[PDB]
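Here the structure of chain A is known, so what remains is to put chains B and C in place on it, guided by the hints.
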Amino acid sequence: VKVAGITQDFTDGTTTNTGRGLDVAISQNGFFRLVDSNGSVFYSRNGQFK
Amino acid sequence: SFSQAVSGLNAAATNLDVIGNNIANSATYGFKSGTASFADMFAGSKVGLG
Amino acid sequence: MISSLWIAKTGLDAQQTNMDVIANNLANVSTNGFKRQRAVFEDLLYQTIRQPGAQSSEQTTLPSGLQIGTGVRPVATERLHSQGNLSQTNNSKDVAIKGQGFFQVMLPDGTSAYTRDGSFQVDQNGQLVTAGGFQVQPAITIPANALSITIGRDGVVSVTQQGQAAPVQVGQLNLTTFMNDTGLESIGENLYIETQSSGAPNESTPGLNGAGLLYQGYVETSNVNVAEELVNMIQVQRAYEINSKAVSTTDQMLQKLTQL
Numbered sequence: 003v004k005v006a007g008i009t010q011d012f013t014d015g016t017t018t019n020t021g022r023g024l025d026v027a028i029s030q031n032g033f034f035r036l037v038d039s040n041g042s043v044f045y046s047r048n049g050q051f052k
Numbered sequence: 565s566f567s568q569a570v571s572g573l574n575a576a577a578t579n580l581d582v583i584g585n586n587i588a589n590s591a592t593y594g595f596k597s598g599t600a601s602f603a604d605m606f607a608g609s610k611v612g613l614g
Numbered sequence: 182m183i184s185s186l187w188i189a190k191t192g193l194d195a196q197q198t199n200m201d202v203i204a205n206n207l208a209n210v211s212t213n214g215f216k217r218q219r220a221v222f223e224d225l226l227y228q229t230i231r232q233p234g235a236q237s238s239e240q241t242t243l244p245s246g247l248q249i250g251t252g253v254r255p256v257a258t259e260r261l262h263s264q265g266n267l268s269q270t271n272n273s274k275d276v277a278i279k280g281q282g283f284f285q286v287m288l289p290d291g292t293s294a295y296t297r298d299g300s301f302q303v304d305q306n307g308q309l310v311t312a313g314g315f316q317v318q319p320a321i322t323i324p325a326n327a328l329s330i331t332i333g334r335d336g337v338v339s340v341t342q343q344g345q346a347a348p349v350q351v352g353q354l355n356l357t358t359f360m361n362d363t364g365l366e367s368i369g370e371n372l373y374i375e376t377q378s379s380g381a382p383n384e385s386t387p388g389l390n391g392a393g394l395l396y397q398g399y400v401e402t403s404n405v406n407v408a409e410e411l412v413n414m415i416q417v418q419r420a421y422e423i424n425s426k427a428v429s430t431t432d433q434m435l436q437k438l439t440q441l
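Residue numbers (the numbering used here), protein chains in the order written: chain A, 3 to 52; chain B, 565 to 614; chain C, 182 to 441.
Calculated directly from the structure, the hints in this document are not laboratory data. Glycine included, each C-beta is placed from N, C-alpha and C at the ideal position. Don't take each hint at face value.
For the chain C half of the interface with chain A, some residues (derived, Cβ under 10 Å), not all of them [stated by the list, open to error]:
| # | residue |
| --- | --- |
| 1 | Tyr227 |
| 2 | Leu267 |
| 3 | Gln269 |
| 4 | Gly313 |
| 5 | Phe315 |
| 6 | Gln343 |
| 7 | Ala346 |
Isolated chain A, as found in the complex:
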């Protein structure tokens, strides 16, 4: 048997309110886009911002 590669489940998690205002959550399809100092483009769904 050979591993065909791990696949990730994109099912949305539970939306939990933990106070504060500088935080966003996505309940459906959508990926936040980020750019690093070197200029590359990355995609993440984390809601922590500062």
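For chains B and C alone, coordinates are given in the frame of chain A:
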């Protein structure tokens, strides 16, 4: 007289190979287990060939 | 000075060659992309004291003649081009070929050899070479600042650059197939070259015209079955001992004849 014993050795090795393949290919979703079948050989009569 | 002595000498030599091929097969059992060797013999000529079916009289014939053998001669030690087990290494610069074909390699003298072992590296200039400094014939060059190298199911190889959001194709790995795969003469470092025995190679992309497929991250191990080499060795040892016994018997009868 090594012919019969060698043939039996190869048959046992093949059976172990099939068993090992079945046990190793566990958890594979689209898998159906295998099974080896054997058959004797005779030249005429009273003359075994493994 | 006795025909039996020469016959037994030929038998001893045949068993010695068989033992040699067994030893070589057992030696490189872990060599990647190694094909085992099998030796095949034949009987030598025959001395006909009485011709079979000779007209012994006007209406009767000999049902069987009188013929004496002259020993055994090894025909050839061919190489069995079976399919080796595909291991897994999770590397980026080694490919396993499943099916038929060979990678072409540009020898330093100028000609080209053919290999079955896929373990590629990069030389100082950046071009893809095999383990041993020999470069592939299409001369695939890997550019600097390469984030990753991918090789598809077919021969196309691409490299992901730092940016551009898209991989860029860098070349293709076409492999060559022969007609008489067992007719290629083998030289060192897992290389083969063609002779009169094998036809002119025809190159093609993997997956077409009977060619194999390329899997990245795997490697083809040798098709040496260590389980049966031992029993073959046992049989070879017994046969060699019996031939030596025949030599000893001939010597004994000669000695007890010359004592007169």
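Hints, verified against the model:
Because the smallest distance between the Cβ of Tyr227/C and any Cβ of chain A comes to about 55 Å, over 10 Å, the interface hint for this residue is violated. Of the supplied interface hints, the one on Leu267/C holds, with its beta-carbon coming within about 8 Å of a beta-carbon of chain A, less than 10 Å. Nearest Cβ of chain A to the Cβ of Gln269/C: about 6 Å, under the 10 Å cut. The hint holds. Violation of the interface hint for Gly313/C is found here, the shortest Cβ-Cβ separation to chain A being roughly 28 Å, above the 10 Å cut-off.
The beta carbon of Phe315/C is not positioned within 10 Å of any beta carbon in chain A (closest approach about 29 Å), and the interface hint is therefore violated. Checking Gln343/C against chain A: minimum C-beta separation of about 8 Å stays under 10 Å; hint holds. Hint status for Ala346/C: holds, given a least beta-carbon distance of 7 Å to chain A, under 10 Å.
Violation of the numbered hints given earlier is confined to hints 1, 4, 5; the remaining hints are satisfied by the structure.
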